[PDB]
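A single protein chain has been omitted; all remaining protein chains appear in their positions.
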Amino acid sequence: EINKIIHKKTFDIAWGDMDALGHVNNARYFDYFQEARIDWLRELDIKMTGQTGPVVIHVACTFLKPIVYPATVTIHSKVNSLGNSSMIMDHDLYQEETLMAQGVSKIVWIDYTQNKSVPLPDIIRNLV
Amino acid sequence: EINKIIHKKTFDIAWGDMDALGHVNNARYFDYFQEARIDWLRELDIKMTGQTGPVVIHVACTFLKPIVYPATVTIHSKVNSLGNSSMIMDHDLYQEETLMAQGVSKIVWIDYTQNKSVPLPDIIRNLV
Amino acid sequence: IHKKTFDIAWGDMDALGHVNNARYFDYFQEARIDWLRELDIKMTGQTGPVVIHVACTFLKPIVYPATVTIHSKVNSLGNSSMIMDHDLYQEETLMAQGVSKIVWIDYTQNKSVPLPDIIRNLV
Partner (left out) sequence: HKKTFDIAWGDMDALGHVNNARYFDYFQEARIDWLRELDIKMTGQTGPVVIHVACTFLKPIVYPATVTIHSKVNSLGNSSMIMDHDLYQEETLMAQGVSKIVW
């Protein structure tokens, strides 16, 4: 239902993603989480194009082990907390078996033009 | 001394920082916080080069109002709670009088080569 | 005839301790977009510029910290096209030289339009 792994994306880190001390910069993690989230929403008939859509209100990451080039990583994604307009999404970042990072993003649905929160769509509601 | 404003960075957003939705992409915020912080460490005569240095162990941001090109934004940074190896830095990012975001970063001091926790610099200790 | 000065971000560097080369194109792009915005040419509108060619010469590597200056000029005016130069100096040293050929087209219509006269005034 809700807190199950609903999306798994595997990909490779670019060497230029690393900063001057030789590991992937922290913002790139949020880029990764971004692509995984967007891909899953793509799976769910939810688009960035429409008049109304999701916006990140909060996002966070816990770094347990550093990632160095080259590395093949897997992201396991689950959605946990649904408000009326808000939702929480979790991203687990693995290198091989080893778990490298923890992402948590609070996303809100809004009318982009009117920058006001709008309630959450039914298709995610169906994950109960 | 501690939760006092210890760094203030004012700058203009780059157009290329915006995503396909016509406002600044979320990771770019973490770039901003990262550079403000690094400038402050520079202010404490701390540079990223030495045998010992800061490592982000946690980072988070709350986005209150969207940012569009062009915009002049200010980051106000304070250090709030100090451990032996860890510290937290808070960032308020305003466009003019309005608050766009609030960032929280937990940083740990380590020996980079050995990947081990190391105590906080004394120059950081002076803010108590 | 235009100079944008700024400070290098530490995160612009790659794992080899120098500003990444693509980041230069980000810099030049920002200088160009800035200068066009100053002349009230905006990225928002239905019609706008599209870069068809861009190039950079790397003379000296840039390391954090560095305060750099970009000097942007349009050297050659076509009818629909233009050539713009962005030279990146760190104080007395010239660090990089970028050259971009730019044409104006309609994003919606995917079609050519002649040059504005105000750009002709950058001569």
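As written, the chain order gives the labels A, B and C, with residue 1 at the start of each chain.
By our rule, contacts are C-beta pairs under 8 Å (C-beta built on N, C-alpha and C of every residue); 3 or more make two chains touch, one makes a residue touch a chain.
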Among shown chains, those touching the left-out chain: A, B, C
Listed residues C:13, C:56, C:74 or C:95, member touching the removed chain: C:56
Hidden partner chain, touching residue among B:25, B:34 or B:105: B:25
Touch criterion as defined above, residue of A:48, A:64, A:123 or A:127 at the omitted chain: A:48
Residues of chain B (touch criterion as defined above) contacting the omitted chain: 15-16, 18-22, 25, 27, 69
Touching residues (missing chain, whole complex) on chain A: 14-16, 31, 34-35, 38, 48, 70
Hidden partner chain, residues of chain C it touches: 15-16, 20-26, 29, 43, 48, 50-58, 107
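In this text, only the chains that are shown with their structure count from here on.
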Centroid distance [mean C-alpha coordinates] between chain B and chain A, Å: 22
Per-residue multi-chain contacts in chain B, two or more chains: 31, 34, 48
